[PDB]
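A selection of the complex's chains, in situ.
Labels run A and B following the written order; every chain starts at residue 1.
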Amino acid sequence: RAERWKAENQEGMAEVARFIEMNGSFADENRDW
Amino acid sequence: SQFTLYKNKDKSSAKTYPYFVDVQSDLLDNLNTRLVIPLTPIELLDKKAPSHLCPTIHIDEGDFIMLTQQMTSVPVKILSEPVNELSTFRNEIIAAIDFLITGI
């Protein structure tokens, strides 16, 4: 039930995404190319 | 999508890094970022790259070295032009990443 796993963890991921949008991304600011 | 190859739309880095391959599990496709690895043309190389870490990838677009050590997280937005699929290289791509973090 890979789809159910995605469904269950949707809010967890969304929260993290909103966190990175509101606080900036480490990768983008430190990426070497 | 995992192992899908994308054309680098960034003019500043497109020359050295013409393409990048998505190496992130499809299970996590709800993320708005993707772990990707850039490919560089063999015709631009000064020296040979260690093949265990940087496998040679032969495709329609040409022959490339997968610069595994330069794997990075990028916004899903830049995955705008898929051009190929590298699922047949799955095992070596994974083994390359595993080598990078284990030395095995």
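Assume a contact is a pair of C-beta atoms (placed from the backbone, for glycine too) under 8 Å apart; a residue touches a chain by one contact, two chains touch by 3 or more.
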> Written as a formula, what is the chain make-up of the whole complex?
Replying inline: A x1, B x2
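Everything that follows uses one rule, which is that only the chains that are shown with their structure count from here on.
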>> Taking the mean of the C-alpha atoms as each chain's centre, how many Å separate chain A from chain B?
In response: 20
> Quick one: in the complex, what on chain B touches chain A?
Replying inline: 13, 16-17, 26-33, 38, 70, 72-75
>> Touching residues of chain A toward chain B in the complex: what are they?
In response: 2, 5-6, 9-10, 13-14, 17, 20, 25, 27-28, 31-33
